[PDB]
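Undergrad: What follows is each chain in one-letter form.
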Amino acid sequence: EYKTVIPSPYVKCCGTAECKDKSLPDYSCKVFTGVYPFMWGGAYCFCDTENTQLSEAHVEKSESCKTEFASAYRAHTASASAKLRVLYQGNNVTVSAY
Amino acid sequence: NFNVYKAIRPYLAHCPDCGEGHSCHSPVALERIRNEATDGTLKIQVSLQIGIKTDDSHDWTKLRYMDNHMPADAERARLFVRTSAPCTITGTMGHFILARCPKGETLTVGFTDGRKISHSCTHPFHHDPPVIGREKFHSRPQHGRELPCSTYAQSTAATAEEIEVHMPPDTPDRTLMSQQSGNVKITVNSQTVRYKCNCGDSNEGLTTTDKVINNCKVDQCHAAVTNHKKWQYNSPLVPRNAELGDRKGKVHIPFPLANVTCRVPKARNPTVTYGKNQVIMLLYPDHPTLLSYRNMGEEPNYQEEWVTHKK
Amino acid sequence: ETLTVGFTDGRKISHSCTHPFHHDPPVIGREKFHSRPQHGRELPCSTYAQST
Amino acid sequence: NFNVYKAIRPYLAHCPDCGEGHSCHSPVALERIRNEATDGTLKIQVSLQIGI
Amino acid sequence: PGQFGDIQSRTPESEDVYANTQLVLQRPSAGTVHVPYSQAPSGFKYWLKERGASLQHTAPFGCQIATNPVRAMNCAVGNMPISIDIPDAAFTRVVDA
Amino acid sequence: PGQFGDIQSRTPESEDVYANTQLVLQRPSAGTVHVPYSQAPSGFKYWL
Amino acid sequence: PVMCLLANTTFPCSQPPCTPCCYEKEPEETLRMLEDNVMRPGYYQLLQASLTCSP
Ligand SMILES: *[C@@H]1O[C@H](CO[C@@H]2O[C@@H](C)[C@@H](O)[C@@H](O)[C@@H]2O)[C@@H](O[C@@H]2O[C@H](CO)[C@@H](O[C@@H]3O[C@H](CO)[C@@H](O)[C@H](O)[C@@H]3O)[C@H](O)[C@H]2NC(C)=O)[C@H](O)[C@H]1NC(C)=O
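Residue numbers (the working numbering), protein chains in the order written: chain A, 7 to 104; chain B, 249 to 559; chain C, -7 to 44; chain D, 3 to 54; chain E, 354 to 450; chain F, 696 to 743; chain G, 20 to 74.
Note that these hints are calculated values from the structure, not bench results. Each hint should be verified, as a subset may be incorrect.
With a straight-line Cα cutoff of 25 Å, these simulated BS3-like cross-link-like pairs (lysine-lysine) come out [said to hold, decoys possible]: (1) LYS44/G to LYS559/B; (2) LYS72/A to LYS496/B; (3) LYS444/B to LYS18/A; (4) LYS496/B to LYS18/A; (5) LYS26/A to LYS498/B; (6) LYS477/B to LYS44/G; (7) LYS459/B to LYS444/B; (8) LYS26/A to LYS9/A; (9) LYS28/A to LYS498/B; (10) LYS9/A to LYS496/B; (11) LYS18/A to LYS478/B; (12) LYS740/F to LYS558/B; (13) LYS496/B to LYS514/B; (14) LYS18/A to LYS477/B; (15) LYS44/G to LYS459/B; (16) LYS254/B to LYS444/B; (17) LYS740/F to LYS444/B; (18) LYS384/B to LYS558/B; (19) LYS402/E to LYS67/A; (20) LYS72/A to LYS498/B.
Here are a few chain B residues that sit away from chain D, every Cβ distance over 12 Å (derived from the structure) [unchecked claim]: (21) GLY269; (22) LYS301; (23) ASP304; (24) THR309; (25) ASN316; (26) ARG324; (27) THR360; (28) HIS391; (29) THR404; (30) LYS433; (31) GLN439; (32) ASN475; (33) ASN489; (34) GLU491; (35) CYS510; (36) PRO513.
Backbone N, C-alpha and C define an ideal beta-carbon position, used for all residues, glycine too.
Take these sequences, add in the hints, and give me the full structure.
TA: This is the structure in structure tokens:
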């Protein structure tokens, strides 16, 4: 399972934000104009319409991948082995052999 | 003992439903719900810090939460988690809650604060634990088979599990300022304030004492509290200050995922009678049980069905 | 499928009344959701005002 | 009348699930659940003694 | 996206990750700072629910399947030659028998 | 077992009882004193 | 021994220039020196050194 990582959004008040490309596994960034976000105590910043928000995210393996995962294998030939019971001269002998 | 939480603050964040069908900024909010465990245990990340008092001490009976611009204490006993029905909490630490919830489509977390005011946050969440084994059971049996499964450990140590933390954004506060005869007074209350107005030379980012901007109205001014003393979780619900890389602290996460063994029930022996090239079974399930069969030759003709009643 | 209303008396005596009632809220929009989302559209709805 | 319970004590017993997802020995445990009544009333036998 | 292999890594410890999740950032609701997105849910989780029967239950010839290491056991297939070398000391002459 | 008539008596008050429930006793789980078993559920309840 | 950076100077991450309950004395500086070493393999050793205090 993957986790989507979303860093705190950058809100540039009274100006325009820009984003850079990144090499992260599945990365996207977008700048949204005309944002007027509110905090619990009131509007985030001074400008009303002249605001931009930069949102970015990338996909990476979750911490669970160390325990919960599936392995894709290529199968080839198989080594054979067997456990055989032999009754030899009245005695029961069990031999493990390839 | 290492107290990492001394440098980390609780925070307020937006919550889509605060219990009345209306959104608000809550002392309790759900950042992430982790359900990687196969035993159905949920690991919930919240804006609350549990086990840590306003004073930096690990008192497991207390949680701390934001109240405006300050942390405040509350009893852990008043903390609850609910889905379709109340969940059992299997341990808490910092921002993480472990719980074993009943099947449901929503998740609600909340607590009673220091003023006996209820706070809660609800998110949509599909909770339908995966089946371990070939039977769908609702509770752990006294007798049964044991199969491998994954759970969240109660250990408070971390194993390469980390969260990013950073310096919090300035916090807007309209009660931080008032107009006195055309002169706006900025109340500091011992917390550094940054403010600006439509009035000339109103940009004061270094106010540490109560100050008044003259010949200016309250509607012309904006102010926020500056706090660079503590780190905050890098939540998607809280804005950052810098264009990139404000700062990246790393804090270890409690309750790592681990390999454990789960107990599963064994369905009652079937009543079996025989016919010509035929086996007749009468099944007596308590709960939905998978039946499957195959031929042991070249063409197994595998077939399976779930049996939910006597058949 | 039922609705129960009750309260605790002044003598710590519980009082309750249960009636049969089919409570299955109508679907608003084209999706069946159990809680309001952080992100989405807003459609016309009818509610009971808190005004007295 | 007389108290037959004066000669009988409460006991601890194994319980498969004590709410934490694991078993323990509990002061409260279910010995038998009787549901013969058609009105849906259950009779639950427990290791506790109530009223005594 | 939404299928097994949506996220891939060569080894458990590798930092080299391939992903195709169709992660699209959406505009935030007015008055909020949240970051909405549309992404295909893990194909791993979907696969776990849609796994179906494993070879332990579907294999031909009544084969039993186990892992760690991966093994096919007790397959009733074909035959197996055995060569036995018995020392002369193990034989009794017909005159003594 | 599991069918109507799995348990029978001539009269409600009779002590003469026939039963065929396939009551097979199983080994207790380790560390416990419980007594597990596999028994067909009452055929009377199934019948009802 | 992994070294961490403070102010154009370096030190063993387990042994800061500021040791005596550094966060309590200079919490602003402490957080800044920690963030600048986030990419260092000794970061967690520094984190232990910085926020550890025994009054
Ligand atoms: C050589 O081994 C065979 C097979 O048994 C093997 O060795 C035994 C020591 C055990 O480890 C077995 O698990 C293993 O497969 C012996 O033949 C077997 O003997 C046993 C009795 O010792 C038979 O069991 C009995 O079966 C009857 C009928 O069901 C029951 O009433 C009895 O109560 C008891 O369970 C078993 O059926 C039989 N198996 C076969 C294929 O004949 C063999 O005797 C032994 N020879 C020597 C010299 O040791």
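Undergrad: Quick check: which numbered hints come out false for this structure?
TA: Numbers 1, 13, 15, 16, 17, 28, 35, 36 - these are the hints that the structure violates, sorted from lowest upward.
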